[PDB]
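Colleague: The residues making up each chain are set out below.
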Amino acid sequence: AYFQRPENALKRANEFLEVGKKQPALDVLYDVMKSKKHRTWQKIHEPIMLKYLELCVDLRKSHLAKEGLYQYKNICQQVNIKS
Amino acid sequence: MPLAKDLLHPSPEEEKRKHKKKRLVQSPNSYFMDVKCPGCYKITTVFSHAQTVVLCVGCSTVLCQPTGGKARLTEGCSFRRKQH
Amino acid sequence: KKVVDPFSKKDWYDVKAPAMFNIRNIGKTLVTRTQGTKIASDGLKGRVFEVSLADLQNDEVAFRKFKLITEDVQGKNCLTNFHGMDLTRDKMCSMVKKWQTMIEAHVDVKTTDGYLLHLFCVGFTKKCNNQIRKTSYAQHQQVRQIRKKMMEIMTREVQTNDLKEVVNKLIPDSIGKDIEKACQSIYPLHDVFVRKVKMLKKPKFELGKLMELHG
Amino acid sequence: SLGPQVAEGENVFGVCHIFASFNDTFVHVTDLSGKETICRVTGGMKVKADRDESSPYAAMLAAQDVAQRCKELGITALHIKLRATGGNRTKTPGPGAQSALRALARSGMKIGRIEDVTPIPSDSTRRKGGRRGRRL
Amino acid sequence: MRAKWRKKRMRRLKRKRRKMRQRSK
Amino acid sequence: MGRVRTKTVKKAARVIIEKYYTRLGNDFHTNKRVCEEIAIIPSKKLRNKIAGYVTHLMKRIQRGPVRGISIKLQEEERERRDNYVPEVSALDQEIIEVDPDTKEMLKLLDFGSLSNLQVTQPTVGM
Amino acid sequence: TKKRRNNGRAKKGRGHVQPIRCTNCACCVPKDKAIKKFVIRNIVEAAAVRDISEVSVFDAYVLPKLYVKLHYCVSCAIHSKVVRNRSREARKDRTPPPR
Amino acid sequence: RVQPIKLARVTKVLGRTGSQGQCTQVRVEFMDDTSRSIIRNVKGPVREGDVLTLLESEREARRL
RNA sequence: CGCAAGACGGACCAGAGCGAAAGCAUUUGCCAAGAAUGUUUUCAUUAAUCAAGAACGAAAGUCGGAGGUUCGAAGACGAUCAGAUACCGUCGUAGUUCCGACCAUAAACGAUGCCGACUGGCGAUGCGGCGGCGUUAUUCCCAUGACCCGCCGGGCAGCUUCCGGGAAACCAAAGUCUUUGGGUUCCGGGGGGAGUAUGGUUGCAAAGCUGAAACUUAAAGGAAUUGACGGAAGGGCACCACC
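Residue numbers (PDB author numbering), protein chains in the order written: chain y, 3 to 85; chain c, 1 to 84; chain D, 19 to 233; chain Q, 16 to 151; chain l, 1 to 25; chain T, 1 to 126; chain b, 2 to 100; chain d, 5 to 68.
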């Protein structure tokens, strides 16, 4: 299958960063934002996107911060903007 | 076969796409080429299927490379046939 | 034995994992109480402790099982040390299937310390992007490159980098993932795992180096 | 029977080592390590007929006792390891594999995990029966 | 099997004749 | 049980509905007495059968068309579907344009009007 | 004459093959004449699945599957009835019947 | 065994089995759990909706 | 949980590949060999098939050494059977394995000689070469990789039919045959007697190769069709069948 509790993406992301790999740790983060896990803003989607945009600016990937926010606004649409 | 087809006069490449010794007249499928890149400022003439390294007298000392058929040239244009 | 009440003469214990694991409480065992003909610790050391990875690392993954040996006992807590990792059967079986070419290689390798390891890896060919073909078979020349390059990566990252840093790279599988991209040009490949590692030799106990892991 | 001093919110996990196939069923509950162990019961002990040792109910009746002595001690949960005979043999579970699980689970014991373990060669020694094999 | 046996009974019989003639001389 | 109708019933049942379609009701007893007058059925038990099947057919004939026998009003509506359908009077919508490689044929056959261009990607299933 | 054209299941262009053993006749046949049946089942089997799954200590934990590769011979295939006699014009299929 | 006498009722009849049709497969609802169901072999003529008297639900049917 | 010994290369492994045939699957290196394709290179008829003669040739067997886990002729037991020297269960020698010599046989079967020419269609697969609207790898960019489409060789095969042939089964060859002739080798003459007799030759042994007659008999044998029968398969049915 893949994931569950989409909160596991952070763990991997965190696990790869302790080695020093931000290229795949991020991939894991993006592999979630875009998937069946489109349940519009679970509470864990903010820490995922906060880490995602830190690594985007820690490696320099705008076109990824676009797809990331583009997914985020959607799930956080006619729902919660405070996020 | 439609079992009535002409064989005297064939199509330019729809009946000359065949194997070269199954044509009415035997033709090669190879050609020469007049080159003259910069690495070696001279008008060299080289066969398409090089089979061996062609040397250069300039700064370079390689022009070709023999592969399993035609020959991979290099970063120097220089092209012609001419005629055959 | 057939001593009267032979599970009321046994003594419970606990088994503690290294600090690298988020949950360190492995579980519990028991040995018989001390006699002068054979003491508790001598019948308690040299065991193996199969533990999962998604159970020792809360939590999700369902394999990459690790073996851990009790090298020391300390006052009702049994401290463990790495012994080698293995993989499940079903995962290893499911990936193997018709119309693929399986790719395998191993190396014997030494750490920066005195530990010695013998790693076993695997690759599988990709069922490609938009085949209409019903095969994914590869040439023999291409395979022997992929095996050569799967050894080159797995020696570089394990010959340098001490015992603990090896483990840290294998838990997210950074090792296997690195090979998947590095071989991609000569054939795309989906899957890399390290089905076994077998700790062959190991150095002296070294109490100072020991307690670093359980710090 | 003395268990550990806490098991209130946690569980204690044993390994069940269910044996499979024909003319025999074992259930042999052990430690996590498997170094030491507890009670061991066979279907040849529950039922004597020399032909119902692999039967479903003989495997169920076995585990229906073994699962009591587990909870009596303090072992409450079980990881499961399977074993079919293998070694260039049938390498396929018997009847009494499905059976014992259904009985022991509903007796009250918890199930933690389950897996297949079978000794499968990478090609090894010749099998008994000869070239023409058994017939009749 | 049948033909292979008919060839076998006659083989051992032929061998016996050889021995019996070698015995006679 | 059993009692699956024979062919002698099903042969004459169709015939009797075709040529005396008007006389039929949908009641058993009325359809019996009609069959008694428009024909003679030489048994009594046979008569009670042929009526009942004539009734059972007449139920279905008041829905879509049966494929074993014909009546007039169905051949009317047949003709009404088969001389004009309301979908089109135009041929087909009067102007339809085509993509290139058809335009190249038309270029070499003296036609040069009413076209569009789209040069859709390679290739089959790809 | 011949009741086949392959005269086996395939031996085209090859002089010899390594043989393999039946699982329940204990017989010996070629690899490329043996009936090759691969099998997929769940470990626990689907009758007691509800009674087991509720009694799990966890939640998200798909169950393993049981992967076995079986090679049967000519006689032990027909007897266990994974194959049967077929008509003269109906032996020319290579196609597995759908599920 | 040491289980007390259970009661469970038919939901549906499946078909007849045995080597003379003497056994009948049947599906039964446990009559205390409405999502629980076991298959049984029952000897006598049964209709549907009638209740049985099981001595155990450990036993389960699979064939003739 | 550790150690030792011998054997063996699973799944992956396929109407896939290579080899004259017999045959040939764990890693890496070394040693020599070969096919196909590419070529506006070289030689200039150097070829085809084959008495004599020569190399290789499964398994079993024989001789001398090493080894002997596993399986296992022989043999000893236990059952089943009226009998049971068998099928089945236990034990177990030779053998099975390796090294050096012998042995030359198999349903060594595609039961189909080798070389050459001509005569339908269609879709695939392995290898080489060539042509191309594009996705895809990386260093950012036509090094050469993967996937897609088409073309040209030779190779293992398949599907299709009033090509034509055949007694039919079937076969793009078993076709191009009373309209009979491309080249050449081997081999057959009703069924038994008999692969026996006999002499020759080879082999340590076991046997191999070469191979008759007297006498006897009107059938033996091939393909296909219709029935009956089956301790064959799939359906259906009966209180003279069962529950």
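These are computed hints drawn from the structure, not numbers from a lab.
Ideal placement from N, C-alpha and C gives every residue a C-beta, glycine not left out.
There could be a bad hint or two in this list.
Below, computed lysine to any residue pairings styled on SDA-like, alpha-carbon distance capped at 20 Å [said to hold, decoys possible]:
hint	chain 1	residue 1	chain 2	residue 2
1	Q	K50	D	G64
2	Q	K143	b	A27
3	Q	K96	b	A27
4	Q	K50	D	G45
5	b	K82	d	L68
6	b	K66	Q	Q113
7	D	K63	Q	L97
8	Q	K125	b	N7
9	D	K109	b	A27
10	Q	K125	b	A27
11	Q	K96	b	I53
12	b	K70	Q	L97
13	b	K70	D	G45
A partial selection of chain Q residues facing chain D, derived with a Cβ cut-off under 10 Å [unchecked claim]:
hint	residue
14	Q20
15	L47
16	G127
17	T133
Per label pair, the in silico range of CB-to-CB distance [claimed, not checked]:
hint	chain 1	residue 1	chain 2	residue 2	range
18	Q	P19	D	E68	31 to 39 Å
19	b	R5	Q	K63	32 to 40 Å
20	D	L134	b	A47	25 to 33 Å
21	l	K8	b	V83	38 to 46 Å
22	D	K222	Q	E51	41 to 49 Å
Colleague: Hint by hint, which ones does the structure fall short of?
Modeller: Violated hints (numbers, rising): 3, 7, 8, 9, 10, 13, 18, 19, 20 and 22; every other hint is consistent with the structure.
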